[PDB]
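Next up: a single chain in structure tokens, the form deposited in one PDB entry.
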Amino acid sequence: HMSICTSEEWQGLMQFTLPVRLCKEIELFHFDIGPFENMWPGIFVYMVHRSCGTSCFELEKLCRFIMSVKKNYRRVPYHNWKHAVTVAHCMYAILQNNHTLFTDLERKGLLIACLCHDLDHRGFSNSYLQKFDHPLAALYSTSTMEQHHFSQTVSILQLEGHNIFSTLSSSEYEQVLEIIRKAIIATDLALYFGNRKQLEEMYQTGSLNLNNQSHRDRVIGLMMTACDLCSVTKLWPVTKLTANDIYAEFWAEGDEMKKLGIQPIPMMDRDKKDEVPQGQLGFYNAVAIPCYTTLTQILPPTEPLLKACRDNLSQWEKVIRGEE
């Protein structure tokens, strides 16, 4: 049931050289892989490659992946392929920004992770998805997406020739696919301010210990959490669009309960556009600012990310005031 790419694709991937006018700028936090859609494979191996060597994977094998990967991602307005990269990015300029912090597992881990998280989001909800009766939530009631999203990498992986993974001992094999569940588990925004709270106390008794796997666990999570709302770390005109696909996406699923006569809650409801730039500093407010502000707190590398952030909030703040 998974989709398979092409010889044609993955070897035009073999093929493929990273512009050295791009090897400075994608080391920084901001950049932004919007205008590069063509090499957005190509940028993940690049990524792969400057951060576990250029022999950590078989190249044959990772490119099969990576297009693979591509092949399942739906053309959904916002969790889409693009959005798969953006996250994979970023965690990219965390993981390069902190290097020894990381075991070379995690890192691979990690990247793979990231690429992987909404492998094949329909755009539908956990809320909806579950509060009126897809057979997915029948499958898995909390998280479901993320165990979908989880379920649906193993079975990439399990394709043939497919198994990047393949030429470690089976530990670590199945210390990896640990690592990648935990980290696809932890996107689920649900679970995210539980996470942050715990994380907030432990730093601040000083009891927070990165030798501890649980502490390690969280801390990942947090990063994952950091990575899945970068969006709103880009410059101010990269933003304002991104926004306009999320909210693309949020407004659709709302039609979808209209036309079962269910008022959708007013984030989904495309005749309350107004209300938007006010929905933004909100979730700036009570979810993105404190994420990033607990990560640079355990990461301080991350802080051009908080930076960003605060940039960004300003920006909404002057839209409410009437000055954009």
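Note that the rigid core is defined as the largest set of C-alphas that superpose within 1.5 Å between two forms. Positions refer to the first chain, counted from 1. Compared with the form deposited in another entry:
No residue in 282, 290, 34, 266 other than 34 shows a CA shift of 2 angstroms or more between these two forms after fitting the rigid core.
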Given for the second form:
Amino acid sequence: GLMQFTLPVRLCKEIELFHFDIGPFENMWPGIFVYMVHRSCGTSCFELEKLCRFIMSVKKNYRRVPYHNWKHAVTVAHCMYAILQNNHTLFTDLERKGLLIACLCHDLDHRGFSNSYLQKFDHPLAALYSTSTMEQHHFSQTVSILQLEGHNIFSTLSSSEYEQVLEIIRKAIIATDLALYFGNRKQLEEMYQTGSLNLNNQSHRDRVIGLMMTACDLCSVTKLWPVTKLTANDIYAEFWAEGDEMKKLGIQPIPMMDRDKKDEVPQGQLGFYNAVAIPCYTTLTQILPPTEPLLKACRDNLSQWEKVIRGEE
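Could you drop in the structure for the form deposited in another entry? We only have the form deposited in one PDB entry so far.
No partners, no molecules, just the chain.
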């Protein structure tokens, strides 16, 4: 009960910032997550014994892939921590509980392949879940782990609170399907602009939580340039492996996934910043002003990629 987690001074201070990098010491990441739960939620939200057992089972069920791995899980959870801490009074106790867990679990058992590759391969999961294929699998994996003996971190919640938090977690994980982001952000853009955005409207909160999930999921593009640039390598290592597997199915991959077209990555990054990342953080900053540093950091990285093209690096 009186057992706090305490980080070294540099981490204690920098973990509060949006651009925090969780570092290369894997064995400190569970402790970093618990620290964030305790400050974001309370030392009472979860039983430490059950939480620690849940975290280590989640870790085991992430695969050794270049990008969609345990480090991504904890990175995405830290961005959500930074959003929640900078918007103290806007979120319920259940929401803060649900969303950190949703972020830790959002890519459970990822193989490093897109929904499109699963469908073209004719993977069994594509027959089970026709849309948001991997995201329905990630939620399924989350429910499976919660149901292991001694792993139900929500046990002290009432029956209705339990149904609510699992519904927050389901919608949050489904919302990390980037195919769904484009329409979600458009709707939020319309609602903010016409003044009809109402955070007491559950359908509206759901949409805002959706956008927070996209923002946390993409947060590699909101780090300092050296982190963003080095993470790009891991992201493209998966894209190129998927490209190889498309060629093995007798399909020419889109240039983004073709390792013969590495020359075109810098211009491909501009499109992604301009079509996806900047619009995401812009709409997020409009709804939640204290998340502005994500947009500023994203714009700085856009400027760095422009410099790569202009041959200045």
